[PDB]
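J.: Below, each chain spelled out in residue letters.
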Amino acid sequence: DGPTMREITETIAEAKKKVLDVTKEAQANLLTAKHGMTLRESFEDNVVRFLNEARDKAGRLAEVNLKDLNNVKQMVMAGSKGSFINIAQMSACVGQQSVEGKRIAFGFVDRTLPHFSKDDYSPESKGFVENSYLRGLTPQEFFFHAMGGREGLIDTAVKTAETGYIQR
Amino acid sequence: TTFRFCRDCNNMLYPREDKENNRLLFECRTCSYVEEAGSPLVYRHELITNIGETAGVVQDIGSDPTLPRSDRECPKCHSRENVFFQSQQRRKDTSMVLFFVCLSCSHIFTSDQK
Amino acid sequence: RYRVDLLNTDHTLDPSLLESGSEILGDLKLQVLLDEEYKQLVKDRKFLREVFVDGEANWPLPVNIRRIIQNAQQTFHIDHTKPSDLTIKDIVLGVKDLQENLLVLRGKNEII
Amino acid sequence: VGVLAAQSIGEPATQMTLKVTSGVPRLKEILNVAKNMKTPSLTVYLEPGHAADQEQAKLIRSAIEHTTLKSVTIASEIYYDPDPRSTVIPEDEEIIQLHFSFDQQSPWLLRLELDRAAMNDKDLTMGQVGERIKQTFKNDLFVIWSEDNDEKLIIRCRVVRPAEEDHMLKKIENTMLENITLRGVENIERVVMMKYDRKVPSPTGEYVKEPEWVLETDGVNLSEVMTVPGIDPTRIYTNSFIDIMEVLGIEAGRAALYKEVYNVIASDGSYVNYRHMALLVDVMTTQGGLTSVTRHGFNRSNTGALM
Amino acid sequence: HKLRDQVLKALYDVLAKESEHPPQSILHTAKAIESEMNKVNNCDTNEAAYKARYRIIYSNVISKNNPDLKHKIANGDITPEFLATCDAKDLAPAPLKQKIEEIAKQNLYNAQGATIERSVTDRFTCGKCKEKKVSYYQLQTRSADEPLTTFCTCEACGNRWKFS
Amino acid sequence: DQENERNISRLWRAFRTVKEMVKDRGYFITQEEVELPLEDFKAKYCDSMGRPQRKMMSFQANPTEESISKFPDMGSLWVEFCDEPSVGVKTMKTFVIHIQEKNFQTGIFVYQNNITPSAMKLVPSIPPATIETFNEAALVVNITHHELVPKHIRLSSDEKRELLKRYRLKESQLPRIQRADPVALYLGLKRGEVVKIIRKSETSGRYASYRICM
Ligand SMILES: [Mg+2]
Ligand SMILES: [Zn+2]
Ligand SMILES: [Zn+2]
Ligand SMILES: [Zn+2]
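Residue numbers (UniProt numbering), protein chains in the order written: chain U, 672 to 839; chain H, 2 to 115; chain R, 896 to 1007; chain A, 1064 to 1081, 1093 to 1175, 1185 to 1245, 1254 to 1398; chain V, 146 to 309; chain Z, 2 to 215.
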């Protein structure tokens, strides 16, 4: 529904604002430098925490809007198939893509992908798929989604052989 | 801690000691030229390094496209154009310092807030 | 939850649970039986608290009691009015009889 | 029962995933020991008499962590000071008259420079490290040092002698830097302390999540960390169960092993029943010693040639 | 007695070197000798810790920073207490002291390590405690034909479970 | 302080572990004795200013009435604390001869540091008297007080034979335990002995098991 979609949009927007504020603080060289962790590690932790909170909040918002005549709601509270995260990803937001915990690294020098200027850490440049499966993905986000899926496939293809050996 | 080469044959002078007047004779080993050094400091280690964050300032950084652009002013020329980039010395340990270079004054300046 | 007093005041039973509850209020014999059973219970409590050091109570165990006593109620129509005809001596003998008739190790020697 | 247990452990290892090792490779290591570490961590519990004293916890950390000169040396430089009893460096005169209130030494000064924070983080005043190297040799090195109250921390040292001294001093200071222990037991690296809690029995006979501080490490050793003061020697624990077995006997070995395997297989996809896991532990430990299921480990038993 | 007279000579030298050249020379050498006896009240040439405390006090007098300690010991600072101080970290001078506490505070901060904190929600209930403080995760473990795992982590008691 | 206090406290705690060794091995020691406080220990064993004198600090001990009542054959034991950091061949030779003369069958020997093989080649001499070696570093902390270590108890030969006849095993199908095991060395048992193990199970609480020291 329209108003709920608008609230989703502004929720993601204020999350982006929090991220930008943190980046300004970091680039102004005053940070708490979180204990046990290096400066960049603290920065990455803060931003990933913010983005995942955004995704969770938006998904909860969509779910609590959703009508009782909605059939995917009917299945998901009826047990069998689907999930909260499935509803959230098909309607509200995909969320930040992942390559072993760290988000998408600068394979190209200083940048993730050749469509941006160097030395960014804004989430859309490094791979936050803000959008949703209903609206489809901007092509950069499409690429990062492909990265995450490929990681899952290769992990399956190695773990199956090793677990078979070690079962025998 | 720098090296001084023998002027007579381009080989670095080595520390060797006056056995009686007690002076630093940087002597050549290739030829017999000898030289008196200036300070008793000879060897130097620096077990901790923290330098290199402003590397590779070429005279024409602005010719690259992929550097971003901003609107801070050069506090020498106050031109509103400038170019900024991350610290160059890529350790796991470095900072988020931005180094601003302006095309007009060709001058570098940072944004530290200590 | 567990402590019962038959001669003192504070933990005295309501005598309408059992029709022969009034007259037994005062017997030293049944009081002794209840007291030693209570001591047995508190020894079990100390033992469990030293084996499960955290205090987790949910554990995998054999045959469930709760369903059995529940359907016992739903079969034999317990009410809210009739005092039970159970007697204290009957209860505390029956538990120990079941306690021994449980059998995992057949045998005759001391070790078994 | 054995086949039942084997299948019941095998199948949920198939749907299991892949800082600290976990997952499939950790399970392979602990099922296939292979005394290699990759996370040799061991948790240390404090003495209960020190419940929450952070300074006490740091004090135990400073007692336990291994440190050499790498940990403390900022700067090293060499010098030719010709005068055996006066200094070419202007600043190092008060130090000279401190240590002057036994002459036949090379006039080749070696100079060191430390960090005050890296000294008193571990409560090393530099006085005992100066006398520490002094008692380390006592035969070849004059060792002269500053006060701990100065704004710069320097160690003055010269070789005594009964040519070529540059590279001997280089080798000597290299050995200096490398091998002089300062405090703490070796094979223990940077140690951190977390703020845990424990469902302790309440004094009124209930349970409460009372917090306490725990020392945690990134190396392994056992024969010494039990012996340090201020520690609980009873509840110490290590992931590397082979060392647990060696120090504590194979009963504690198999208990630790069962703890480890339960931890790995209950990180996700819990749970299997207890008895299967216990049977696996017992058949892997019923020889008086640990026996990995390899091409050789259980295979080289006095067992049927056909199987 | 050689160590006695040597410490006395050093003390007379450093108090004669003071900016307040004391005309009470006998009084200040009385201060010197009474500091000598209260100093040897620790060990009296029996342990090297006597020499260590001697180094501490001698260099503290010398240091400059600080110089005012000379006048303060000349006009007060009753030395039998200053046998039993051991308390060089709290003297000569105050700015270095303040530097010491801020160094120690930063060290204590850097000692205690990683504290990742498990962002939550409130929808599910605990499998054991049965309260709603539930925290989760996403990733997919098995083959591609199925969705994520929907990891669970309770925080009211610390319980873990899972939902399909 | 410097190392004197650590040396004193380490010696004190090693003495504690010693003492409880001998106590649970079955020799008769007053319950107050094992928690003897450190300052009292030092007052008992300071010579001049801080030095502990280990030579006289050793002691004899006697089997309990109960341990005699089950086990018919244990003579008095005897402990030792040599003061040299090394181990002297003549020193231990005097030790083993003193054991022989006093007619002892179990001789507890504690070394500060390494033992030269010449001073330990003749350790397995004079049967049936047996000689046992220990480091203070191995004795600074009682092993059994660790909570992962279950209770260990010893089997008489009679009840061991009863166990074999009941469970119909033959003497090799029991799970084993090494001679070089820490708890095995704590108990001091030798080849062919059976240790009953009581550990706190989780599906029945209390569970029994046995091992063989082979
Ligand atoms: Mg066979
Ligand atoms: Zn030349
Ligand atoms: Zn400018
Ligand atoms: Zn819970």
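The set of hints was computed from the structure by calculation and includes no laboratory data. Certain hints may be false.
Ranges of calculated distance between the beta carbons of each label pair, as one might list FRET restraints [unchecked claim]:
1) H:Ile109 with U:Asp781: 37 to 45 angstroms
2) A:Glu1301 with V:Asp232: 45 to 53 angstroms
3) A:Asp1309 with U:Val780: 27 to 35 angstroms
4) H:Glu21 with A:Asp1309: 33 to 41 angstroms
5) V:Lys217 with A:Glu1301: 42 to 50 angstroms
If you want the ones that stay clear, here's a sample from chain Z, every Cβ over 10 angstroms from chain A, calculated [as the list claims (entries may be wrong)]:
6) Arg11
7) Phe42
8) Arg52
9) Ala62
10) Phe105
11) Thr117
12) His147
13) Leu149
14) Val150
15) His153
16) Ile154
17) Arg177
18) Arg200
19) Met215
Straight-line C-alpha distance at most 30 angstroms; calculated DSS-like pairs for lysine-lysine [unchecked claim]:
20) U:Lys705 with V:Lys176
21) U:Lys752 with V:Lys196
22) U:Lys688 with V:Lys278
23) A:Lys1300 with A:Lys1144
24) A:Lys1093 with A:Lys1350
25) U:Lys687 with V:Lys196
26) U:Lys695 with H:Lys77
27) V:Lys147 with A:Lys1300
28) V:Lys273 with A:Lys1350
29) A:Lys1235 with A:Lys1144
30) A:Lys1261 with H:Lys115
31) Z:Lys24 with A:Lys1286
32) V:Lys176 with U:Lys744
33) Z:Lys56 with Z:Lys24
34) A:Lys1217 with V:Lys196
35) Z:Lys152 with Z:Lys94
36) V:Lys217 with V:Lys176
The beta carbon of each residue, even a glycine, is placed where N, CA and C say it ideally should be.
J.: With reference to the structure, classify each hint as holding or not holding.
T.: Status of each hint after checking the structure:
no.: 1; hint: H:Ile109 with U:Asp781: 37 to 45 angstroms; verdict: 18 angstroms, violated
no.: 2; hint: A:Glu1301 with V:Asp232: 45 to 53 angstroms; verdict: 36 angstroms, violated
no.: 3; hint: A:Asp1309 with U:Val780: 27 to 35 angstroms; verdict: 33 angstroms, holds
no.: 4; hint: H:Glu21 with A:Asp1309: 33 to 41 angstroms; verdict: 55 angstroms, violated
no.: 5; hint: V:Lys217 with A:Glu1301: 42 to 50 angstroms; verdict: 48 angstroms, holds
no.: 6; hint: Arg11; verdict: 7 angstroms, violated
no.: 7; hint: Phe42; verdict: 16 angstroms, holds
no.: 8; hint: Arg52; verdict: 19 angstroms, holds
no.: 9; hint: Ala62; verdict: 24 angstroms, holds
no.: 10; hint: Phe105; verdict: 27 angstroms, holds
no.: 11; hint: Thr117; verdict: 22 angstroms, holds
no.: 12; hint: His147; verdict: 5 angstroms, violated
no.: 13; hint: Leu149; verdict: 4 angstroms, violated
no.: 14; hint: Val150; verdict: 5 angstroms, violated
no.: 15; hint: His153; verdict: 8 angstroms, violated
no.: 16; hint: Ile154; verdict: 13 angstroms, holds
no.: 17; hint: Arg177; verdict: 4 angstroms, violated
no.: 18; hint: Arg200; verdict: 7 angstroms, violated
no.: 19; hint: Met215; verdict: 8 angstroms, violated
no.: 20; hint: U:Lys705 with V:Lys176; verdict: 52 angstroms, violated
no.: 21; hint: U:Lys752 with V:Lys196; verdict: 81 angstroms, violated
no.: 22; hint: U:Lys688 with V:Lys278; verdict: 27 angstroms, holds
no.: 23; hint: A:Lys1300 with A:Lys1144; verdict: 41 angstroms, violated
no.: 24; hint: A:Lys1093 with A:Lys1350; verdict: 20 angstroms, holds
no.: 25; hint: U:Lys687 with V:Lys196; verdict: 64 angstroms, violated
no.: 26; hint: U:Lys695 with H:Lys77; verdict: 24 angstroms, holds
no.: 27; hint: V:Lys147 with A:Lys1300; verdict: 63 angstroms, violated
no.: 28; hint: V:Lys273 with A:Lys1350; verdict: 21 angstroms, holds
no.: 29; hint: A:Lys1235 with A:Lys1144; verdict: 18 angstroms, holds
no.: 30; hint: A:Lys1261 with H:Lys115; verdict: 39 angstroms, violated
no.: 31; hint: Z:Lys24 with A:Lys1286; verdict: 39 angstroms, violated
no.: 32; hint: V:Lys176 with U:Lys744; verdict: 91 angstroms, violated
no.: 33; hint: Z:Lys56 with Z:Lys24; verdict: 22 angstroms, holds
no.: 34; hint: A:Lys1217 with V:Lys196; verdict: 15 angstroms, holds
no.: 35; hint: Z:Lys152 with Z:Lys94; verdict: 36 angstroms, violated
no.: 36; hint: V:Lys217 with V:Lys176; verdict: 13 angstroms, holds
Of the hints listed earlier, those the structure fails to meet are numbers 1, 2, 4, 6, 12, 13, 14, 15, 17, 18, 19, 20, 21, 23, 25, 27, 30, 31, 32 and 35, in rising order.
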